[PDB]
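Model the placement of chain S with the ligands on the given structure of chain U, informed by the hints.
Number of protein chains: 2
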Amino acid sequence: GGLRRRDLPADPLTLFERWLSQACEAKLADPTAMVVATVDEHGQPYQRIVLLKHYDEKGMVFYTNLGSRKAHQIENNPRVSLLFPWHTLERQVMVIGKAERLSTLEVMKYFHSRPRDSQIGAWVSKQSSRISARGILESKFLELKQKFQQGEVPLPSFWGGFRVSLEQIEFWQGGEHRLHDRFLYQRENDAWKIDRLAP
Amino acid sequence: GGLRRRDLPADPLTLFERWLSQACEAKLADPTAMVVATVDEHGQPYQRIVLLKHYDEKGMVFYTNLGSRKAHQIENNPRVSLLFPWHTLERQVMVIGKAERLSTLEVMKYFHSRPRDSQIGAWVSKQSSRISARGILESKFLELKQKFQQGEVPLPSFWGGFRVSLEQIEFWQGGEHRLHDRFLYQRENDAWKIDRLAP
Ligand SMILES: Cc1cc2nc3c(=O)[nH]c(=O)nc-3n(C[C@H](O)[C@H](O)[C@H](O)COP(=O)(O)O)c2cc1C
Ligand SMILES: Cc1cc2nc3c(=O)[nH]c(=O)nc-3n(C[C@H](O)[C@H](O)[C@H](O)COP(=O)(O)O)c2cc1C
Ligand SMILES: Cc1ncc(COP(=O)(O)O)c(C=O)c1O
Ligand SMILES: Cc1ncc(COP(=O)(O)O)c(C=O)c1O
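Residue numbers (the UniProt record's numbering), protein chains in the order written: chain U, 20 to 218; chain S, 20 to 218.
Just chain U, same shape as in the assembly:
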């Protein structure tokens, strides 16, 4: 019970790892689910949940449709925010950094790993665009589910991924009487500067 500075690891990822791990066993729904916030050209923020798929010193990775809104927004402003809503476990992890596209080699590797039906589904949806009916989706799906016959199901060209850099990582943990613990790890030079923040 409690979050004291003296217990903090030098690498915020160590702490994130332990927290991610504990969330998984705690059986949280989609412990890897995180809210990614992006900003459009008019300064208006936008949010949606995506799944964390990989992470290391280079940043956190998620995959998405390259014609989607989050994608157009990242292209005009690569500054993003990630928030892991683990409040059932009285925790929050917020990441701040820049989103950079993944090479086709990486994207390719991950795509040919997800459920065959999900690969077909990736083809079906022109993510974020306005469609006149649900049926359009259902048609295309069956029209491909068999057209591909599953021969391998090709990687759609409009399917990609992003790696968000770690410029800042904030940890929040529930505190009694409303006094929560907050620590901000801030990438500075070749290291991490840590500061406690008032709740």
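Keep in mind that the hints were calculated from the coordinates and are not lab data. Hints are not guaranteed to be accurate.
Copies of the same chain look alike in the list, so a pair counts if it fits in one copy or across any two.
[To be verified] Straight-line alpha carbon distances no greater than 30 Å define the calculated DSSO-like cross-link-like pairs of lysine-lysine that follow:
(1) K77 - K46
(2) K145 - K212
(3) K77 - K212
(4) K166 - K72
(5) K145 - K117
(6) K117 - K77
(7) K72 - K46
(8) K212 - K159
(9) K145 - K72
Relative to the frame of chain U, chain S with the ligands by itself:
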């Protein structure tokens, strides 16, 4: 099972209400918890969870410390995003609008309703600012817990609230084979324009 346009209510709030209600009985942790995203002066988005406290045609309300980061950010850019992470129930509700300060009369009304200890706590924390030790919080708290003796516990002047307007409301509900249902309600003139969006 399924989210069809023909079943949509004319007022997005009707749907939000039903969804909020079902989440509560489903016993989700903090069904009222939502992630509010704001943007700083450099175009960098920021996120944190806050609790929805009231909502109506005028917008959604939450309270916070007026010296906090979200507050400074709203002052420079009132465009915000709210996301209710109800993915355990395979749902998402995203709200887009402008944040406007609540009058002292409203703030006052709500403040003198929360747990006495939370009112004391509101005084203790200079939210978001860097503090050198947790003890600072704990000291101030006890120093006030008794100083106020609970005489009424005055409303701190640095304690306020915001009402986010409803310019857009998006509903997302889990879909089979990766084909989720998405509907965007867009405030237009004196009404709501509804469009289905590709998943
Ligand atoms: C638990 C969960 C996981 C999701 N994961 C992803 C993901 O990894 N990639 C993705 O593109 N969309 C994902 N979505 C759907 C997105 O929230 C969103 O609807 C979509 O990416 C389009 O957002 P955009 O229009 O802002 O670009 C997920 C939704 C939920 C509730
Ligand atoms: C379930 C939950 C509810 C919270 N509700 C609020 C709230 O209503 N108001 C608030 O100021 N902070 C709330 N917080 C703490 C915020 O997430 C955040 O730490 C704080 O407002 C400071 O953010 P800022 O530095 O971006 O301004 C809550 C955290 C959790 C996990
Ligand atoms: C639209 C969409 N794309 C991508 C993903 C994540 O990739 P995968 O389906 O391989 O888990 C999800 C996960 O819920 C999703 O809903
Ligand atoms: C720092 C902080 N301020 C305000 C609130 C919400 O107001 P209240 O404590 O009256 O529920 C919360 C709720 O978790 C909180 O954590």
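Cross-check of the supplied hints:
no., hint, result
1, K77 - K46, "within (27 Å within a copy, 38 Å between copies)"
2, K145 - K212, "between (42 Å within a copy, 21 Å between copies)"
3, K77 - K212, "within (17 Å within a copy, 42 Å between copies)"
4, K166 - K72, "within (29 Å within a copy, 51 Å between copies)"
5, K145 - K117, "both (25 Å within a copy, 29 Å between copies)"
6, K117 - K77, "within (11 Å within a copy, 34 Å between copies)"
7, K72 - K46, "both (18 Å within a copy, 28 Å between copies)"
8, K212 - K159, "between (51 Å within a copy, 26 Å between copies)"
9, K145 - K72, "within (22 Å within a copy, 36 Å between copies)"
Violated hints: none; the structure is consistent with every hint.
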